[PDB]
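Just one chain follows, in the form deposited without ligand HY1, and it is written as structure tokens.
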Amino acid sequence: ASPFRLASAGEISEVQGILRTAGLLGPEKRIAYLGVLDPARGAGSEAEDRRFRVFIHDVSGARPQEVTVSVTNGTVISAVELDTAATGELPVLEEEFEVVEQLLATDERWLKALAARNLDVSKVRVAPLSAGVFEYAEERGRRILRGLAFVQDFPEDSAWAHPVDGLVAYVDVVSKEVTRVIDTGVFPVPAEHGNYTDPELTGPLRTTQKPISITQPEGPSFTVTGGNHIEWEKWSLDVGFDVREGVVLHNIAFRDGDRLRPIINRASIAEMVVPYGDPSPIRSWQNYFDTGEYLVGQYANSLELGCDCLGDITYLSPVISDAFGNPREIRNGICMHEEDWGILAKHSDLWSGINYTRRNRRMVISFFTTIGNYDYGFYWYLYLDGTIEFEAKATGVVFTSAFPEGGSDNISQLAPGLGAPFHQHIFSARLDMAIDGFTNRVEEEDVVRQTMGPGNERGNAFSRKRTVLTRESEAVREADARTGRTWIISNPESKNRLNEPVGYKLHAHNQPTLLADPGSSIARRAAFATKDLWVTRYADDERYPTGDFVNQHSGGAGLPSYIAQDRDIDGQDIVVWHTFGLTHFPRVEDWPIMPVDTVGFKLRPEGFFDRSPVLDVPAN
């Protein structure tokens, strides 16, 4: 029924059948990406035509294709051949990762490098990483992966504790060729193990932690209909899932009186990049575009009740396509639950003698993914007062290297001889705004200090100013914590009872953005990460801040090219792109496994309501 329902296993099988029937999915073809297309703006067709977009890879080297099909009509709507050397390679296939270690195991240069280090090839694991775009001419038109070595002493050993520095290989996963084997010198392989489940390292386990029971006798306060339509404490929304972006929220609206008021049409993390700041040739090319190159949704974990999600949990099990077009279910990949959130409002009034206390609550929608050594949790929160918040949780095992004798300015020491290259975790939240409708605008709000003098004799006055961003060219903004800078998305045509445009204020954490030199390959490929906020005019084909094909793709697509159109964004259908991230210098406390570190943002109502919208919350 709902045109925002999750993709079904049947729809995926249908896409596969349509492509096979069209002669677009023979045995040499692979599905590198498959996702349902969101409905276009304005009710076009009488009914909703379900469409899917697919990126088809060819394991023989032939040009890949981008195809859109209608599962309803069983037809190919469009099919275009992709010139990858220009517009970018398709996302890495899970099956291509295993090609690397296999190939390298039979390469003489690789074997000689390991022998020189007295390492048994059978114990050397290879982390196959995205290649990016650098100065290797031969890589032009080649689907490459770069492998870094780690030693695994036994089946359950954490190889991350044993990096093999000074060695890196480049592999053509299609032609099955080892293009280069670079050895800059033999580094001792860190000896200490990092097995956090080994009693030897954990010591006796604590027995002091008493149980905390969290339960809901009458069940959760939220309802799920149509498979993914949520309704909770005045909130309404649809929980979507995409193999690339992961959890995506649609039609976020709030019930205000006899009307459902829209706030955000679509919210997602459109991209996330993890750049490493170690100038060593062995890793200076290392940049993970987890969303764009790897597809975070593809690796979403199956969440365990009691371990990952505690309390009364409602799960969603999204389906994605495998490399052959077969539907694959990610069992319990999405957790949904509400949780108490302390005090909401409170006041003990002397004059009236009335004491008032109300508790807060938040709806939680999340999933967790694993990208090699790291694991990322994506959490969206909805609060009773109308606030919307996102939080990324980074944990797992830090990427390691050897720690050089003379010390390092770009690597920290975790254990004897064990290093941890400095890096960042930067996300891009794409917020297709719809504050009381699509006619929106963004204002940059800065606190304003005033000089002591006439009209401000005591020098206590301070104000604020709001600057409307009217054109895309003026909509690339930077954070300014010192002036309490925030951004307000309002609707100039919808006013509250005080005759003021209704709006929502975006509060950023104001963390450092991309640190790389502006001329670096990464600064260009991850241009979005160089600025805190971008505002574009909505367009069907502007989905990711890095464009559709990130893998081995130069700059040229994404936000910078969108912005150039310099479209009108003052009272129009707009999209806010917020960059936020973590800057890491790994501590010894982060080894052998790092505790969760968080970063995010939130939007709170700003004159959206006519008064507090939580006066109807009971005392219970």
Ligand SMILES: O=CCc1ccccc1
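Heads up, when I say rigid core I mean the largest set of C-alphas that superpose within 1.5 Å between the two forms. Positions refer to the first chain, counted from 1. What changes on going to the form deposited with ligand HY1 bound:
- After superposing the rigid core, the C-alpha of residue 45 moves by 2 Å or more between these two forms.
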Given for the second form:
2 protein chains.
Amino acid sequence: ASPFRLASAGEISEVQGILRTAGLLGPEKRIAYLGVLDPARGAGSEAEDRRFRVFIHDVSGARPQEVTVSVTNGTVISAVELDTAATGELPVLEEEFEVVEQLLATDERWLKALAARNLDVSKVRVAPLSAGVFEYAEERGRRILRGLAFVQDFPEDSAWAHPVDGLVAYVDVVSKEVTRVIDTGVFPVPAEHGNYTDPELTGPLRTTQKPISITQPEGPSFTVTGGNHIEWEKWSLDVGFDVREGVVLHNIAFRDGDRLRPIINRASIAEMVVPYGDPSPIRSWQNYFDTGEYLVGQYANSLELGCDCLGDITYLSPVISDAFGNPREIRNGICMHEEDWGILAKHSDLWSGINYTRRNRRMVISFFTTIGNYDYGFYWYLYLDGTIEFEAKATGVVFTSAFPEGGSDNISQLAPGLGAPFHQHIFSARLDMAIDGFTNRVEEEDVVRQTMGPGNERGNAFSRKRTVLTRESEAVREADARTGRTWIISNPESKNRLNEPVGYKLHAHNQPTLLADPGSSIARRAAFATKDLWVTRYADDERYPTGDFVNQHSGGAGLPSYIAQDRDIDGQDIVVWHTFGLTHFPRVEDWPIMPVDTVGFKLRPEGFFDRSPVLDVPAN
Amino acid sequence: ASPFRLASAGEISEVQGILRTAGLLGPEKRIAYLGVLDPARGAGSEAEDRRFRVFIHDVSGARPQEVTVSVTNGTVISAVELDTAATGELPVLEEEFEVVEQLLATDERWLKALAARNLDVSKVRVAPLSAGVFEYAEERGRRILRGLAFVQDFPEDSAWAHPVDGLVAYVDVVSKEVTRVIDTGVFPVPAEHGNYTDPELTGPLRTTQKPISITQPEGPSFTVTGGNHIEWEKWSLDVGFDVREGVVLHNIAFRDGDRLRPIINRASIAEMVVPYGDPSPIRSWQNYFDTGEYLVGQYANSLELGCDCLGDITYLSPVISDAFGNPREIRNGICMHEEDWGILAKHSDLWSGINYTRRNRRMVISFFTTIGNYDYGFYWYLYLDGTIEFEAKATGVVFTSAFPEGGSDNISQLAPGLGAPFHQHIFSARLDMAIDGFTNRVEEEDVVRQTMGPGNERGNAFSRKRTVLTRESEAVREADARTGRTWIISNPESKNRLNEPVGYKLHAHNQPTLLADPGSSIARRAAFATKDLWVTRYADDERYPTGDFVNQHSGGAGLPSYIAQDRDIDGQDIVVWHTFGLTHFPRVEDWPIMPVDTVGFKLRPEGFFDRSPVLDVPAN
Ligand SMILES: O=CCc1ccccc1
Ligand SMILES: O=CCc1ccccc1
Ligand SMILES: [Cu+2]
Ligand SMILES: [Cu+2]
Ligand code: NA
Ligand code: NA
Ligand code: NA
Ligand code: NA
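Would you mind giving the form deposited with ligand HY1 bound, to go alongside the form deposited without ligand HY1 above?
Let us now look at the entire complex, which starts with that chain.
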């Protein structure tokens, strides 16, 4: 019944049939993206219409198409041919991952480079890296991937330990031509292996860890209805899944007494970018948008009970399309469980004699994705007290290079001859806000220091100030940790019992934003990453901070184009875009496989409730 | 055997006997502090000498004394009479908590103030607040407490809901005189109760929470020997307890292969301060040092299994002295347990076919203290991967006032007529470092942005810089979140296999430091709180960032006095002092009892190991 239910295998099969019948899915066609569209604003009409958006690539060189279909009515709503030199190329296809290595293996220039290094071509893996846009005029409007080489000594070897530095190739994957092979000189291929399951490297495994058993003898406290509707400890929401964004949260609301109170209409990680800070021409082009260019949702892992998710786990298995429109299940792709979270509130009172302790808990919704060397866990958390938190967990294997003789200012050494270039991991959270409804506004809150003097004779006073952001042109904001800067999303037409607007406060981690020079190609294509906070007026087609077609787009699409409309955001239907990231100078302890590091943000109620919302939590 | 074992009841009884026999513990004497001294540097002599430091107060007006005794030899080592106008008053005594209310109850000025407000004196509780040092010349060298009044409607009522604003009294607790009663006008006493166990306020308790069962069927993975020596997953350390500081960690080391490698010699929270930002003369003097003035360790709670600590818990019950030198056990005052901590490392490799997942865990050492309205949990965490983290959890009841008609810039409204003044909670962690031994140094690490140009033609490069702090006069440092500033403690004489100095990196939360005007009394007495990081040369007598006698000390003691010695800290025995805190603008959801908020810091290895230290963790 619910318009926010997960896509079914039958829906995807119908999309395939509709596309085929319309002549849109011949043997040269590939589906590069397929996803269900959200209901438009004002769906109080009970007009069930499940629509899907599709990007269709053509492997023969014909122009790709963007298509919208209605599975409910079985019709093509619209179909548009794309000029990719103008609006950007389509996302990378999984089946192209191997084409770069295959094409290079028969190119005489590539072969001469490997021969000089005495590398057997059958042992050389080539990473299929997105190209970006730089100085090469012949790449405009062509579908280009760039290749960096790694040696695998045997089939189970970790190739990342053996980078082939000084060598890069560019490939046109549609015409199947190697456009350029650049060899800047021979570097020794690092010889130590990085096989973290080899007993030679691990030593004997610890025998000292005793088991931790986490069980729920009466089952979990949350309920799942209609496939993906969650109710837990007054929270209510729908868990969506999109092949580009991954897990998406819809309709986050909190039952406060008799009223279901909305908080967030849609929450997602709408983009992420990993820019590299090595000026070597072998890697100075390297910036990959895992979300926008590769689609992190299609690489979600199947999560193992006891290993990836521990406790009383409820799984969702989302369905996606393969490149031919067949449905493919991601078995156990989403874990949901509740976790004990320590003390919630505690007081022992010297005058009343009352001793009081309550325990906290959180609801966890997570998935894990793998794109080449990197692996990321995406975690959404709901707490008893109304807090919402997001956490990204970065692990996997660092991207490697040679470590130059005589050192480097932009690479750290991990092992003899083995380097790891400096880089960042930057995310964009898109928060379609609905604090008690859609009439919302954003205020910037700074601590205010006061001078000793009249009215402050002992010099102890301090205060705060709030600035309302009223138009999009003034809603591009930077962090300021020193002044305790936060942002408050409030509803000016909904007041608490003290006659103050209800609100939620966004707490950032205040990590550095994009470091690249403002005139760089990556600063233009990832402009969202240069600022901590953006606020836009809601619009149906404004989905990603980088635009719809990120791959090889020349820049400026997305947020800098949206805010140029300078729309009213003071008590309106608004969207918050928060940039947050990790700056990674790799350490020896990150090698051969990296222990998890984390970054995120959280939102806490700020006069949303009339008092603490967890007074009715029992003593356990 | 171990010199770092907890104080025993027999040791304290011997101290009492030694003091009594020496004429130092007559009926007018009170022990205001008693604690075991750490071994001096270079204890490779096996010279067991358990020494205790004692502060002795005199309730008749005689000068107090500082005394050092040896329980091993049964002798007084030294005894010094204190001039408190010079060096500060002794910490507040528990038995003085009730003396302020008792003395005010017979003062005619206090009675007239209560009579005008129609308050029955038997219902009026008076909080015993530390005085600080302000403009009152007659307080110099006298033991002063200040009193703020709260009404209790019945014995089990929460008095915090009913502040009596406009009224403050100053009391000399030794001569038993009320020096001043200040009445600036009548405010309505807020009428709503704040009884968070009253069903009228809580409503019916939730029935929706199902149990979470955390068990260890084979017991915990750590061992406790000699009372307080912990070994867990290659970590080794001693858990101490001091009545001023609370839990103290000694001898933190990590077994790396065959070598036990030191990391931190002593870790503690050596001070905390709560400054209030309300300029009203009723409260503009209000700054309490829970650690330095009240001694947070003596108010540690007995922790309840299943409620405060959940899982397979091992308790310590530390012993302290009461005011007469009798030993008193704090039953179950420290919880120790290990916790699952999610994913540790994970990778699924497209070329090797290997799928790899390992789970993380942490060791938890915690205690909870209550001082009047506020309650704090102190948590130390050790992780599998070498990370050390501290976390403070703040809960309890916010300090209240009236909310003035017409609002306030320095107070938030919680309920009709009820306010909560702005304030901070600021902590000082004292880290006596020993990274691979005592030859340590500190470097400040900033991200370095680079300009597009020659050698950086695509404008993508970024780097980092490290600045060695060589003398104490240059080792007072501020946070800079925008440039990703961290601090590295390294050993220049101990290198990893890449011939780089081994190190640990301190990651701060970058919260605002002390907001008060630099010319204020609190800025002088809590000078440590004005800067994020201090580094000193180790010295036996340099224990607290505020000095030994914080109560009514006029300022400048502690860290600003230590660093004036301008000692060499470049490859020396050094101590890191990190200031971190919360800035609290109270929200409606903080009332009537506050959900936990947190702040802390962490240290991660930085080239300390030759590769990831958790390769030998098994697959579970
Ligand atoms: O994360 C996307 C870049 C990438 C893709 C495939 C292999 C290595 C790196
Ligand atoms: O936290 C120390 C200040 C204090 C002490 C006792 C009651 C209320 C407040
Ligand atoms: Cu990284
Ligand atoms: Cu507070
Ligand atoms: Na273009
Ligand atoms: Na909105
Ligand atoms: Na003095
Ligand atoms: Na030291």
